[PDB]
Amino acid sequence: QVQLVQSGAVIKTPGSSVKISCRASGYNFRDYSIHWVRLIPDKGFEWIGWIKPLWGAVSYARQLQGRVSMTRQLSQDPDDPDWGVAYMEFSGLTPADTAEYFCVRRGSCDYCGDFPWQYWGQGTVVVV
Amino acid sequence: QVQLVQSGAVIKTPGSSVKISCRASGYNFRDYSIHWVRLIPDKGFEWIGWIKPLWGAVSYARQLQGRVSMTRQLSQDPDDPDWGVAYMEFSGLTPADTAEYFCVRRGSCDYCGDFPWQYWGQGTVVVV
Amino acid sequence: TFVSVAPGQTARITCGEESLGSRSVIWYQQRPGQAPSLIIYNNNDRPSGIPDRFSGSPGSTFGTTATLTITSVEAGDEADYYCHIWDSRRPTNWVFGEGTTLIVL
Amino acid sequence: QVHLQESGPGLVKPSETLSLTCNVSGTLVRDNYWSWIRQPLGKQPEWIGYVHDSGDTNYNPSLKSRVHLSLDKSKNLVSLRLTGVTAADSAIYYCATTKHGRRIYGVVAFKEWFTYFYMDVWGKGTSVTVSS
Amino acid sequence: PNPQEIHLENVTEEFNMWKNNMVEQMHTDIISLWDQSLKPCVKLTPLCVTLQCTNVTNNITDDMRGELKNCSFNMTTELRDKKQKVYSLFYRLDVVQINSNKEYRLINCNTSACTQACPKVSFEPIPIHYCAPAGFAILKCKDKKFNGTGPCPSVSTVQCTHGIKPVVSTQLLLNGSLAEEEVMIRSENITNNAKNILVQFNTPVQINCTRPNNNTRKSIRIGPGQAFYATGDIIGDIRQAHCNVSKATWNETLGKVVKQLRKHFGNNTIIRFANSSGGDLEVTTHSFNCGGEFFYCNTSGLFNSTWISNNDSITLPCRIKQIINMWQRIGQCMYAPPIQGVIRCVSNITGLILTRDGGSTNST
Amino acid sequence: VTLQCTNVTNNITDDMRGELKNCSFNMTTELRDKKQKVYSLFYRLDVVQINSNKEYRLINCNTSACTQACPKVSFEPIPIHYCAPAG
Ligand SMILES: *[C@@H]1O[C@H](CO)[C@@H](O[C@@H]2O[C@H](CO)[C@@H](O[C@@H]3O[C@H](CO[C@H]4O[C@H](CO[C@H]5O[C@H](CO)[C@@H](O)[C@H](O)[C@@H]5O)[C@@H](O)[C@H](O[C@H]5O[C@H](CO)[C@@H](O)[C@H](O)[C@@H]5O)[C@@H]4O)[C@@H](O)[C@H](O[C@H]4O[C@H](CO)[C@@H](O)[C@H](O)[C@@H]4O[C@H]4O[C@H](CO)[C@@H](O)[C@H](O)[C@@H]4O[C@H]4O[C@H](CO)[C@@H](O)[C@H](O)[C@@H]4O)[C@@H]3O)[C@H](O)[C@H]2NC(C)=O)[C@H](O)[C@H]1NC(C)=O
Ligand SMILES: *[C@@H]1O[C@H](CO)[C@@H](O[C@@H]2O[C@H](CO)[C@@H](O[C@@H]3O[C@H](CO[C@H]4O[C@H](CO)[C@@H](O)[C@H](O)[C@@H]4O)[C@@H](O)[C@H](O[C@H]4O[C@H](CO)[C@@H](O)[C@H](O)[C@@H]4O)[C@@H]3O)[C@H](O)[C@H]2NC(C)=O)[C@H](O)[C@H]1NC(C)=O
Ligand SMILES: *[C@@H]1O[C@H](CO)[C@@H](O[C@@H]2O[C@H](CO)[C@@H](O[C@@H]3O[C@H](CO[C@H]4O[C@H](CO)[C@@H](O)[C@H](O)[C@@H]4O)[C@@H](O)[C@H](O[C@H]4O[C@H](CO)[C@@H](O)[C@H](O)[C@@H]4O)[C@@H]3O)[C@H](O)[C@H]2NC(C)=O)[C@H](O)[C@H]1NC(C)=O
Ligand SMILES: *[C@@H]1O[C@H](CO)[C@@H](O[C@@H]2O[C@H](CO)[C@@H](O[C@@H]3O[C@H](CO)[C@@H](O)[C@H](O[C@H]4O[C@H](CO)[C@@H](O)[C@H](O)[C@@H]4O)[C@@H]3O)[C@H](O)[C@H]2NC(C)=O)[C@H](O)[C@H]1NC(C)=O
Ligand SMILES: *[C@@H]1O[C@H](CO)[C@@H](O[C@@H]2O[C@H](CO)[C@@H](O[C@@H]3O[C@H](CO)[C@@H](O)[C@H](O[C@H]4O[C@H](CO)[C@@H](O)[C@H](O)[C@@H]4O)[C@@H]3O)[C@H](O)[C@H]2NC(C)=O)[C@H](O)[C@H]1NC(C)=O
Ligand SMILES: *[C@@H]1O[C@H](CO)[C@@H](O[C@@H]2O[C@H](CO)[C@@H](O[C@@H]3O[C@H](CO)[C@@H](O)[C@H](O)[C@@H]3O)[C@H](O)[C@H]2NC(C)=O)[C@H](O)[C@H]1NC(C)=O
Ligand SMILES: *[C@@H]1O[C@H](CO)[C@@H](O[C@@H]2O[C@H](CO)[C@@H](O[C@@H]3O[C@H](CO)[C@@H](O)[C@H](O)[C@@H]3O)[C@H](O)[C@H]2NC(C)=O)[C@H](O)[C@H]1NC(C)=O
Ligand SMILES: *[C@@H]1O[C@H](CO)[C@@H](O[C@@H]2O[C@H](CO)[C@@H](O[C@@H]3O[C@H](CO)[C@@H](O)[C@H](O)[C@@H]3O)[C@H](O)[C@H]2NC(C)=O)[C@H](O)[C@H]1NC(C)=O
Ligand SMILES: *[C@@H]1O[C@H](CO)[C@@H](O[C@@H]2O[C@H](CO)[C@@H](O[C@@H]3O[C@H](CO)[C@@H](O)[C@H](O)[C@@H]3O)[C@H](O)[C@H]2NC(C)=O)[C@H](O)[C@H]1NC(C)=O
Ligand SMILES: *[C@@H]1O[C@H](CO)[C@@H](O[C@@H]2O[C@H](CO)[C@@H](O)[C@H](O)[C@H]2NC(C)=O)[C@H](O)[C@H]1NC(C)=O
Ligand SMILES: *[C@@H]1O[C@H](CO)[C@@H](O[C@@H]2O[C@H](CO)[C@@H](O)[C@H](O)[C@H]2NC(C)=O)[C@H](O)[C@H]1NC(C)=O
Ligand SMILES: *[C@@H]1O[C@H](CO)[C@@H](O[C@@H]2O[C@H](CO)[C@@H](O)[C@H](O)[C@H]2NC(C)=O)[C@H](O)[C@H]1NC(C)=O
Ligand SMILES: *[C@@H]1O[C@H](CO)[C@@H](O[C@@H]2O[C@H](CO)[C@@H](O)[C@H](O)[C@H]2NC(C)=O)[C@H](O)[C@H]1NC(C)=O
Ligand SMILES: *[C@@H]1O[C@H](CO)[C@@H](O[C@@H]2O[C@H](CO)[C@@H](O)[C@H](O)[C@H]2NC(C)=O)[C@H](O)[C@H]1NC(C)=O
Ligand SMILES: *[C@@H]1O[C@H](CO)[C@@H](O)[C@H](O)[C@H]1NC(C)=O
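Protein chains in written order, with the authors' numbering: chain C, 1 to 52, 52A, 53 to 76, 76A to 76G, 77 to 82, 82A to 82C, 83 to 100, 100A to 100F, 101 to 111; chain N, 1 to 52, 52A, 53 to 76, 76A to 76G, 77 to 82, 82A to 82C, 83 to 100, 100A to 100F, 101 to 111; chain F, 8 to 9, 11 to 67, 67A to 67C, 68 to 95, 95A to 95C, 96 to 107; chain E, 1 to 82, 82A to 82C, 83 to 100, 100A to 100R, 101 to 111; chain G, 79 to 141, 150 to 185, 187 to 309, 312 to 321, 321A, 322 to 398, 411 to 464; chain A, 127 to 141, 150 to 185, 187 to 222.
Derived by calculation from the structure, the hints in this document are not laboratory data.
Using N, Cα and C, we set each Cβ at its ideal position, and we do this for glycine too.
Check before you lean on any hint, since a few could be wrong.
Claimed, not checked - Coverage of chain C stretches by chain G, computed from C-beta distances (three or more under 8 Å per stretch; other residues unrestricted):
id: 1; stretch: 39-50
id: 2; stretch: 53-66
As the list claims (entries may be wrong) - A few chain E residues that face chain F, going by a derived Cβ cut-off under 7 Å, partial list only:
id: 3; residue: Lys43
id: 4; residue: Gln44
id: 5; residue: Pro45
id: 6; residue: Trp47
id: 7; residue: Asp56
id: 8; residue: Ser87
id: 9; residue: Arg100
id: 10; residue: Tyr100B
id: 11; residue: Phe100K
id: 12; residue: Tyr100M
id: 13; residue: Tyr100O
id: 14; residue: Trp101
id: 15; residue: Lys103
id: 16; residue: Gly104
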């Protein structure tokens, strides 16, 4: 199986910075990309970014550069090499960004692309 | 490539003993024989001896026994196993032996013998 | 640290610690009683008014003391010499090199 | 044509601020860097510091607080203010011009160079001494 | 010798770059061959010791942070009862502080002890010719304008392919095989974002990379037969490793790649090259090997331009690491031993690896 | 390990040079914290002096540590018959 667990919901102040964790378990973490998407009410979905956790190469959306930042932390352990953590340090928090934030992972079939996000995190709502 | 470098020229006294070094580099030293030949003016070449540097078995000329002596020093190192040193401790030095001394090595082809000395040292002249 | 050669010959007056990086030494003269005077303001070039016979070692050599070579010494060279060295690894020297004077016969 | 004139008390009592001035000739003060040179008797001279307008006033870090250098645009001079006269500063003093110059030994954009100085011309010196 | 490039008529072969074989096989081959070339070399488990480090003999300026530390420590001799106090030089990207006083340790001692590559072996690429076994054939698409997927109308069978140099470079792939007439971009799906855009151009841009210090290696005997090659003294000045690219040739090749990349996004689009976005040090920067030393050269001096619809050189700095973690496995390193003398290598950048930005919001 | 050697219990004559030395030294136990002072006999062609007092070490410790042949195996020659393969 594959699990994506997040951190709990938070209430922050305008101009502060949130830091959302995303722990992935149940697969070889160093292979598959992790995407981050958000859900704003009354505006539909909106993509944020992705991160390849082998090295850590990221890519952000064009309208969110200079605000978001993504890191990862691998499992340097030859006994449980499966688990891993992704992070998002979303800075420049304005009152428009009250939303729910999901960290997703693509499917594992061969004809699955990258954007057919199969496995989903529980989502974390932030309110500012 | 294959290099045979010697020591510099020396001036010795009658009855003393010279010690000529010969550093070989660029090949597996534990395989090929090293010969020592000399060149006396107005008498042509004259062979001195040879040494097999795997163990150190030597052979000298018949007219020079009890005077010459040859040792070797291998490279006890698994990082540069190529270089090696041969020595000659020529004792009983008389005024007739003012000469030039070469340390030579045979060719590396299959139909090369032992005596077709291909690679030559620079030679060291001794004057007594 | 005195040195004395007969007049007309050459002399090598040395100063400073061994070289670590590239350096740009300067060399000073002090006739007794008066002010100092510049001799070499880089490794190997001198200001105008200061003549030839004042040659210096280059600075690019690593592991080499700071010397000053004079040829054709005369009685006007009876003074004090000083190195002031600027090594590009060791920090800047707010005090000169050791006073190594030179007198002639 | 330049020649400098040092001027000071010469005889100083201890625990007092030593002051000294340097009158100029030929060229004025602002257009070049100036430096103060101390030399005790029969040894190496030591360099005190160097001054210029626009903040180019680094001192000897051994001293660094016991001395403050200053400029005289009005009278066309350059001064020295020493503080806390010990027994060591009984020496001859010099105001002397200096010229800079860059020794470049690497890539220029990597800040891989330095600036060496040299005193070209000198004054006459002033033998300041402390007594009790 | 003389490999039989045999042409075939009237043949339309469906090639695919991205779902190809021979690349995961080549990747497993090169990592297994990497693993087998380290087994006879020594293991460095007696070096995870509490190092006492200090600054190198240098005029420390506060703005420039020194990439060298001078570390001294106890180490066992070949005689097991006695120990020697030795010193070496390390790079600041290899040690970490343990917490006044200063004590450092190596970066990998809480993850994995690891192997110094025994320096009789070397790291330059030699060409490998892959060959098919008996009863298999290798097809080669001799078309010129072939973007990498679909039919190729002029194929040819080969017994054994040409010289493939295995280089390890992350961006700016060096010593590659050039194009024929154009600069070719290629992608699996160019309207996708997660797939890299491989760019290969025709005339190469040469690059001169150097480190200008001369390290003096020294041999510190760990035990019986096992020696450890440390950095001794730096004679001469200490300077920063760098690389030079010709500015006019780089501007011309970026002009060519913009003229090519406008064919896929409309001609009236403004193409802007920015530097890398972030991540680990082996992807934010140009990583390569040069004479047995691993360089990590900054790349923001090249990828910085804005192209609108209408004898100088670029010096880019580098940082070098002695402890690598290539292929990103769990319990591996390689302690690359130092190389004597200054190091210079001249190579020829032939390609690039690019990545778009996943733009929303009316972006022109 | 740094061996402390001495002469064997023997009437040492000066002309005859003894081919045996009696060497004692520390050695680890199977319990890693404790060590035992043991003694053995070596041949003079296997030890070398480290420089009064006398301390010896083995001849190969600055070249290569090396393997005791485990003595269940033997070294006498048995006959080997080489055979050609088929064809
Ligand atoms: C990637 O690209 C980058 C950039 O493109 C490359 O980076 C370059 O890397 C090199 C490699 O080191 C650096 O070279 C050093 O340069 C300095 C500075 O040279 C410049 O300045 C000199 C003097 O300045 C003149 O002009 C000013 C006003 O502007 C004026 O005030 C001053 O008085 C003087 O008039 C110029 O002469 C010099 O020109 C040189 O190059 C010209 C190019 O074509 C050539 O025509 C000239 O003839 C001349 O050769 C340049 O403008 C050099 O000084 C330095 O060399 C010294 O230092 C090293 C190490 O210490 C030493 O090995 C050298 O031998 C040399 O040392 C001599 O000079 C010292 C100066 O005081 C002297 O003290 C020494 O004792 C020694 O003296 C020699 O000459 C005296 C006579 O004076 C004689 O008595 C002695 O016996 C001895 O022969 C280095 O060469 C570059 O700075 C750097 N940056 C740039 C922008 O180029 C990078 O390398 C590239 N990477 C790759 C992989 O390609
Ligand atoms: C990394 O850090 C280490 C640790 O400090 C440095 O190694 C030392 O470097 C200093 C340089 O100042 C060396 O000190 C010199 O020692 C000379 C004596 O040599 C022997 O002495 C020691 C015992 O102290 C022996 O164990 C050893 O075998 C040496 O061979 C002195 O003669 C030197 O005097 C200097 O100053 C006087 C007056 O100032 C001058 O007249 C002299 O000409 C000379 O310049 C000096 O004291 C010290 O020996 C080094 N230690 C070791 C163990 O090597 C490294 O240099 C440093 N590395 C880098 C790159 O910075
Ligand atoms: C190589 O070198 C070693 C080191 O010296 C020698 O080993 C020692 O040999 C001496 C021989 O003189 C032994 O000494 C004898 O010890 C007896 C006691 O036995 C125990 O004692 C020790 C503590 O001292 C215990 O640790 C150990 O377990 C022993 O079991 C004494 O009773 C002996 O007395 C002798 O002299 C008296 C009077 O002269 C007589 O009446 C006795 O009958 C007896 O002959 C004696 O003192 C010593 O124990 C040995 N040490 C060890 C560790 O074994 C090797 O002998 C030598 N090898 C060769 C080949 O020469
Ligand atoms: C060894 O390294 C030190 C630095 O760690 C270096 O000292 C600096 O040298 C420069 C040039 O020799 C000094 O001059 C500066 O030059 C610039 C350019 O003109 C000026 O703008 C500076 O003015 C300000 O900057 C200083 C920075 O702290 C201030 O302290 C100063 O008061 C001014 O506000 C200044 O004129 C520079 O002052 C020193 N810095 C120090 C701290 O001494 C030294 O030259 C190097 N020596 C060798 C031999 O390599
Ligand atoms: C233990 O070993 C010692 C030797 O380390 C041994 O002592 C020697 O024994 C022999 C015979 O018992 C002694 O006698 C010698 O015999 C020959 C043959 O006749 C003579 O030529 C000798 O004369 C000279 O040689 C001596 C050599 O140093 C001289 O010292 C002597 O003064 C004569 O010049 C001599 O008669 C021999 O003298 C001793 N040597 C010593 C140093 O005691 C002893 O016997 C051995 N004991 C046991 C129990 O094994
Ligand atoms: C190499 O090994 C030696 C041996 O352990 C190390 O030296 C030891 O260093 C410690 C300090 O970390 C010393 O402790 C100090 O002892 C002094 C007495 O001299 C005491 O006043 C202090 O309060 C402190 O306790 C220790 O004595 C010392 N041991 C010896 C035998 O000198 C050394 O640190 C190791 N590393 C290097 C780079 O030398
Ligand atoms: C790509 O280019 C940009 C801009 O040229 C680089 O951004 C700059 O990166 C440096 C180094 O990280 C930043 O300097 C540091 O800032 C921090 C504060 O965040 C400070 O603590 C450090 O001491 C240092 O000053 C700089 O601020 C930053 N500038 C901007 C506008 O973002 C970026 O690093 C380049 N990317 C790569 C991979 O090199
Ligand atoms: C970068 O790559 C190119 C090609 O991959 C390198 O070679 C250049 O182009 C040709 C192809 O090898 C060279 O011609 C060769 O000449 C030798 C000797 O005459 C001949 O034996 C070969 O069969 C071949 O014809 C050409 O000389 C070379 N260009 C230059 C200027 O030498 C190129 O060297 C690589 N490096 C750089 C810095 O460009
Ligand atoms: C076996 O291991 C022990 C333990 O290290 C070794 O004994 C040690 O031997 C040294 C002499 O090399 C002793 O040093 C001396 O200590 C005395 C005080 O009794 C002092 O007066 C001397 O000036 C000298 O410093 C050391 O104390 C001693 N250690 C112990 C615990 O006894 C022994 O050498 C090893 N080998 C054998 C064959 O036993
Ligand atoms: C070497 O030791 C320490 C550790 O680097 C240096 O202290 C810091 O050095 C950095 C640059 O390397 C400066 O940016 C800091 O401001 C320094 N901090 C302090 C408190 O000084 C030290 O300067 C170096 N040199 C010596 C002689 O110790
Ligand atoms: C860098 O260091 C090496 C030493 O590893 C220098 O080589 C020395 O060169 C001189 C002049 O040819 C010889 O006399 C020495 O014997 C050499 N050293 C050794 C150990 O053999 C080299 O010259 C240095 N290069 C620079 C540019 O500093
Ligand atoms: C990279 O190094 C090569 C090799 O030195 C440089 O080619 C030299 O360039 C100079 C200046 O144009 C010529 O005078 C030489 O004849 C060239 N030599 C060779 C062998 O081609 C090249 O310029 C360097 N590139 C950069 C960007 O610095
Ligand atoms: C990025 O490219 C520009 C040129 O396109 C370089 O020039 C500087 O650009 C910045 C803003 O991008 C200006 O603030 C500077 O004034 C420009 N420099 C000069 C001398 O005018 C810039 O250097 C490049 N960036 C890097 C990191 O190399
Ligand atoms: C054992 O210890 C030493 C080392 O061998 C012996 O001293 C030398 O022994 C040789 C023969 O082994 C003699 O040729 C030397 O003349 C001896 N030298 C000295 C200075 O005596 C010693 O004799 C042996 N026996 C004892 C009891 O110590
Ligand atoms: C854009 O310009 C290119 C330049 O050759 C041309 O081929 C293409 O037809 C143009 N597209 C449009 C829509 O004008």
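For each hint, the structure was consulted:
1. 39-50: holds (count 4)
2. 53-66: holds (count 11)
3. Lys43: holds, 6 Å
4. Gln44: holds, 4 Å
5. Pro45: Constraint on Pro45(E) satisfied, holds at 5 Å.
6. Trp47: With Cβ-Cβ at 5 Å, under 7 Å, it holds.
7. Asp56: Result: violated, 14 Å to nearest chain F Cβ.
8. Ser87: Because about 17 Å separates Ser87(E) from the closest Cβ in chain F, which is outside the 7 Å limit, the hint is violated.
9. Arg100: holds, 4 Å
10. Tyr100B: Status holds, d = 4 Å.
11. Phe100K: Check passed: Cβ of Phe100K(E) comes within 6 Å of chain F, closer than 7 Å.
12. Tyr100M: With a closest approach of 4 Å, the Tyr100M(E) hint holds.
13. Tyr100O: holds, 4 Å
14. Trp101: holds, 4 Å
15. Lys103: Given a least distance of 6 Å, the restraint on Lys103(E) holds.
16. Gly104: Hint on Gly104(E): holds, closest Cβ of chain F at ~6 Å, below 7 Å.
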